[PDB]
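Here it is: the structure, laid out below.
Yeah, one chain of the complex is gone here, protein chain that is, but the others are all in their spots.
Chain IDs A, B, C, D, E, F and G follow the sequence of writing; residue 1 opens each chain.
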Amino acid sequence: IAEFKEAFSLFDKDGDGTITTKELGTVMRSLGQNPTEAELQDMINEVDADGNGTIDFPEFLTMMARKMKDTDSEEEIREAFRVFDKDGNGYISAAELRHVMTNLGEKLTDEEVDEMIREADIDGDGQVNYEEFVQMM
Amino acid sequence: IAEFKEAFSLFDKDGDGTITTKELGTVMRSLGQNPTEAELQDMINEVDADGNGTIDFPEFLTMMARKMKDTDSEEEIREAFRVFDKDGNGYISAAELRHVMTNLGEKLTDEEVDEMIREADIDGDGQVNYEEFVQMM
Amino acid sequence: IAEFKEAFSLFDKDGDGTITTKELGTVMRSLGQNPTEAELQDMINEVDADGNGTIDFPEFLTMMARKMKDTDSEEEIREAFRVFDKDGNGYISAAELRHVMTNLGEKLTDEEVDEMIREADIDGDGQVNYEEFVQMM
Amino acid sequence: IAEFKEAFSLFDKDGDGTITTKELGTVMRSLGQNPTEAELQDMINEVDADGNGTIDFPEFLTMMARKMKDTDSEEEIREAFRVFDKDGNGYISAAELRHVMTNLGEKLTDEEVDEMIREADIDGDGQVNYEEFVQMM
Amino acid sequence: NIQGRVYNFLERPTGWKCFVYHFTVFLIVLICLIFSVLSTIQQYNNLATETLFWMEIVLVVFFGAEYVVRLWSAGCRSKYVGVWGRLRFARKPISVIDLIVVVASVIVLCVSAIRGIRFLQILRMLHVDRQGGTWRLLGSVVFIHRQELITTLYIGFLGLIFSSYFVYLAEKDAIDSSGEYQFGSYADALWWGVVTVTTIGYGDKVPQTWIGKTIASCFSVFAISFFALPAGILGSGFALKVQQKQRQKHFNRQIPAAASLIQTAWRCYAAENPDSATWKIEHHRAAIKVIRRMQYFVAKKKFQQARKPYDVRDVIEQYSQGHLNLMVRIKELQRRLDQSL
Amino acid sequence: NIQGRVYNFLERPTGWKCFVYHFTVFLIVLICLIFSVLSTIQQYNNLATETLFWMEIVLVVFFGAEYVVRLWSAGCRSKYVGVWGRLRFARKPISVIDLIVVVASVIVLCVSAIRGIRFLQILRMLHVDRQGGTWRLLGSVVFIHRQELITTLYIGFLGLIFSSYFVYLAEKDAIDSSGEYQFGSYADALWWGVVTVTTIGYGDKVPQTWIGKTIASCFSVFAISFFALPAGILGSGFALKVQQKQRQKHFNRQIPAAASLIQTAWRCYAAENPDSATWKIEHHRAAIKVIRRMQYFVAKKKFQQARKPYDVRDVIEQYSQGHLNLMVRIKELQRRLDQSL
Amino acid sequence: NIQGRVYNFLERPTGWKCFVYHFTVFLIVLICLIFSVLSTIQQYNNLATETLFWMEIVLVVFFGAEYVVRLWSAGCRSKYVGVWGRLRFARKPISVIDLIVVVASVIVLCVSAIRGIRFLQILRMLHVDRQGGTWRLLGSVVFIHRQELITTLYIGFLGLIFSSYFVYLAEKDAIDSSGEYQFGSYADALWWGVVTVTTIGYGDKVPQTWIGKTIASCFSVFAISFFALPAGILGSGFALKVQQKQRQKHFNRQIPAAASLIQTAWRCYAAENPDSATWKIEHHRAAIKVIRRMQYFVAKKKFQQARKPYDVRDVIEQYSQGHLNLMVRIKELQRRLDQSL
Partner (left out) sequence: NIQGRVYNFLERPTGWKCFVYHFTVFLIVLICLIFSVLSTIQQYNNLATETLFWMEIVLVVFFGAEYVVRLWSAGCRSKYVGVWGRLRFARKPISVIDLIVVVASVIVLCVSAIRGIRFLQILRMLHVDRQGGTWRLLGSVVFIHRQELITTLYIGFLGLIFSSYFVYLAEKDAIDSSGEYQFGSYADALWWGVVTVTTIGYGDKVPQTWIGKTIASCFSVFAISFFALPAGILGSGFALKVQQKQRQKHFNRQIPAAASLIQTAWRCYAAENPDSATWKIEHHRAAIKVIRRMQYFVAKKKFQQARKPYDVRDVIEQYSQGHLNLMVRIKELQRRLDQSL
């Protein structure tokens, strides 16, 4: 509860009460991600709950309240994995998983993909059962 | 009836017969509101009844004829109040009403919001019955 | 038949076989109308029958073949007149007809509107029966 | 199989693994076609099978695998020919076929149209049976 | 103006008083019909005939007065004017029905029991639907779905004929429980088919041999839908038409289009006469006429789209127009910048 | 807050415990109705009457307690407050039905067999549908399709009347198999028509003369659809309404519109009084009022579009706004470039 | 050209004279069918047989003449040419039906009462629907809704079977009023089910024991809809198809797409032969072929979208194209401005 106040304070950078898109872009530039204006607008719209175009503290609390591990999110992640998986089964070959994550979407680094493979394909087989991997998260 | 002629004359500023968007913007700048072109176009389209993009004197008379206090407007204002009201009842807490009017939409000044609260929450309770407030208007 | 060849030749201005939008704009500028690019594109699309964006001689012949006085056009003109006519009847007051034609759409000149009124409201009444006027055309 | 690798290599021009729109435009400029950015984007989207905006080698193999002479393509070409053919029959006059191919769509050269007519209207009649012509391809 | 007020009060009502009047006359007609139904029974024939005679004569006098008043008031509209205008007004099917009802009632009263007066009041019951408002909607929807109300009324009819013939062949010689041949002739089988494919099923004729029962079972589950199809088609058409009416363009968005159409049509008409005031904005004569023709065609094309409801076509064409204008502005800006530098 | 909790638990339920309570009371009412049905048979009349009397008295005591608790808890809402608020709450049709059921049951128990208690529990079976949620949807859909549920119920009725009269004329004098005149009077023919145009077909009355059978065959295939049309119309309307509900705007996209509407309305109200704080941003008085009126009209126009679902109108108007803004920016850029150079 | 005129007059009519001819032949066939129906009754058998024999022989001579004329005129189309073209034309189902009717009528006349001539004229009644226009629409709609006309015809059938078995178990041993076992075997219960789940209800079989009546009541209200579902599905499909046809792209907007498709296909074909005139705009051979393949795929993709009606997909893709072009122009303007400065 009190931790979110510290997180909200650093994003604001001016102490007014609203996280404007410019402030979020400044925070990301400080991190060093170099985002796009469209991406920032999409993030704000996803987080905003009043349609005013700015993030309020109750809206930030609402965003930080709901988390993962819910059925509506685990099912979504399983369906996203099924999108890549061929032959209808529940097994994805390690080569396909490694190739997709390094090219499609936001390209992960080699170390991150290696850690993902190690944590997912814990067994010695060449295919990672994405069901158990999703259940782990 | 004759009063509308004086009101129409000052908006025109050239004595031709049509209130162009530029003339309305000039009047607003004289007042000191600094509007946007999109807002002026929306206002003209709302007032215009012939689709020519300009306000004619019969159109101005039509706009000034219909007024508030009708059922189709009182119900709309009540629904707008219900949008903010939670817990399904007909009571809005004073804190929520004061917070919303100073941030969302067109931000009212502190004096206007204080006058609104005094006229609405006439009783000493912390919640303003918006039904009686709408009935007052 | 042979007359259309002379009409098509002057619009072309280069003797290639297609009436480009630039050529039509040049012809209109020679006449002295000063059109807009959107209007020229709309005219070409209305006349064009092959979707290539240019007017061909068979397309010009097709455009010049079909004419007015057909039922599908007389009914359309009668409906357009009904749009202005109030009180459901078939009579339009001369003041309304004169006012509309000089302001809405493409503003006709005073002489043209006077000639239209004289040819339409041939009788001495203050209202022009648009049915007989349309039947005259 | 091995031939596609040589074809893919020259389109890439940098040896990374993806045929970007800029690389395709450079190849076309080397050929001397001078395309448009919209056309290149449409071609990439038609060939792309992962939605990433770039052509991958498996996608190139998929594109080069499926070919013409299938029923779903022969029927499409026959319908395209029927679009031009009037009077409901299966015969297109040589004049109409020659005129359309030199003006509409991408204007073919005179030699190409002459070769098309010779290969299509093999018989001495003035009308080319497009059914047999499509069956030839 | 009084003539127009009378015409609006009688035909095409728009208020509550006219609504009350029309509901009252419809209720009077319905009560007369109910009394006629009760009089058709021999039990009530003692005085129902006399009271219906009096009600019918007063009602026909009232309808004659209403019809003559409506005929007098029809002169308000431009189409109905003078003597020929009244005759053209009397050509309308509703006016023809009212005139036929009045004349037939007068003839019956002149020529004391009345036999055809029941049919006369049944026809009179049609008087409520003014200006064909009820029939026009159904006619428009049927015309829109003309190519699908024929398929269901031709495949369904053909299936009915074939199934009835097969049932007749299966149960041609089969004595029923009471000893009467159910499907004695093909006409009886056809009547059974018309009764079964419409989910009526009176029960007078039921197949007896197991072959006929099997054929009826195999065809009823399939060919019945081909006869209930028109109901579903028309219902979905009505719902879609209501949905489209919910998405109609505002009435103020077609006035400029109508003005442009009328002005272009008048300009084209005036271009025919060389001595006219339209030549204010010799070989140019053949060029101005083509320009005016194109302008008229454009104005007519826009007006039709103005009257039609909102659609994806409007969005795509409007975006194309806006994009062309924006591209022209960008091109002129670039050209001016290059010329300056 | 306890009053609000009680009101939410009784009326407009939102959880599982309230759902269980409502299902339990509905099941108790249904079981009482089933026992009443079994008691209507003379075989079970020995003790069913007594057990139903006991169940009815305990159930009416329970319903009286529930109704008084609901009346007490109705004070949570702003509309129902004080003494007149309770009376206004009791004016609702569901509250009227509950009060009538309770009072009538008490009167019957005071005045041991009960004859009207069957109708009382039949009416009590309506208690489940709270706040008119079931009836409101049907009422809205019927009101939307008002101009098409009348056409099918007027052309269908007229066709029924005409066909019944024609069948009566065809089969007026035709003795049936048992020697009883089927269509003795017009009432019998009308009953046959009401039975046939609804695809019921009991079989008590069947046309006998071939003329009547031919007329019934020719009209049944056509005029039956005019009576099944309301079902299809309402079904397609329900499906389209569900589809539109699937495309509703998010609840967070109308809060700014509501705020703007309320603020503009309050500003217009405050502009009436010259001595107010709204005059912070003499002939200017007549100008500020017009500006506030236009702003209020714009805010009301946007709020209605905000509550309506997504549509092509929203796309076209939003593109028009964006294009106007972009054109203004391009024009100002060009003007600045020209002024600098 | 005379052959084409004859073919157009006989098949795929497009005028009023051809419409009159087709309506006349259909009316003649219908009158012959009506006379056959009247002849099936023994009362009219005296001369109806002879007049039907004469009408049938003249009608079969007319149909033979029409069929040979149509076979001669079918050579107009490219597909039907020479000797094999006529045989391929005769392979069409309508031509097969006409040939079968003519041959069977000739055989019956050669081999004086005719028994199968009734079925022959029933089949002849199918002659009106030319080029399968009526059947093609229904086939297309059924194929579109294939995955939903099976669900309603499988869940409905399963519910019918289960309900019929339960009714048979409930009313296996129950003597009716007349002493005849209604549900003696499972076949009788299945017939009752096929009669009830289709809202036919003849009344020959009615459950008697209260258990069977309760089961029939509980299942009729639910499982009946599973059999009327295909009618509603097909009706809504027909209405939606009509609505989509109302929003078809103009015929002039697909000619450039067809031209591009044909030109790209011909270019791809000509690229196979190295010695061709297509090489006017050695390792480049493998590169030009890929370019032509991509161009052909793009042209085919655009042509399919050109033939499809207007849709949100077209709007979004066209806006994407326009936005990409505008962004390219803005980028080039910025690049030129930066390079100049």
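Heads up, the rule we're going with is that a contact is a pair of C-beta atoms (placed from the backbone, for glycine too) under 8 Å apart; a residue touches a chain by one contact, two chains touch by 3 or more.
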item	value
Among F:200, F:211 or F:277, the residue in touch with the chain that has been omitted	F:200
Option from E:193, E:207 or E:232 whose C-beta touches the chain left out	E:232
Contact set of chain A toward the excluded chain (per top definition)	3, 6-7, 10-11, 27-28, 31-33, 36-39, 41-43, 46-47, 63-64, 68, 73, 76-77, 79-81, 83-84, 87-91, 100-101, 104-106, 108-109, 111-112, 114-116, 129-132, 137
Chain not shown, touching residues in chain E	199, 201-203, 232, 235-236, 239
Where the missing chain touches chain F, by residue	33, 36-38, 40-42, 118-119, 122, 125-126, 128-129, 134-135, 137-138, 153, 187, 190-191, 194-195, 198-204, 227-228, 230-232, 234-236, 238-243, 246-247, 310-312, 314-315, 318-319, 322, 325-326, 329-330, 333, 336-337, 340
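Quick note on the criterion: only the chains that are shown with their structure count from here on.
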item	value
Chain pair equivalent in interface to A-F, over half of contacts matched, among D-G, B-E or C-E	B-E
A-B compared against B-E, more contacting pairs	B-E
Whole-Å gap between the CA centroids of chain E and chain F	28
Distance between the centres, which are taken as Cα means, of chain F and chain D, whole angstrom	59
Distance from chain F to chain B - Cα centre to Cα centre, in angstrom	33
Junction residues of chain C, two or more chains touched	50, 52, 104
Where chain G touches two or more other chains at once, by residue number	199, 201-203, 232, 235-236, 239, 254-256, 325
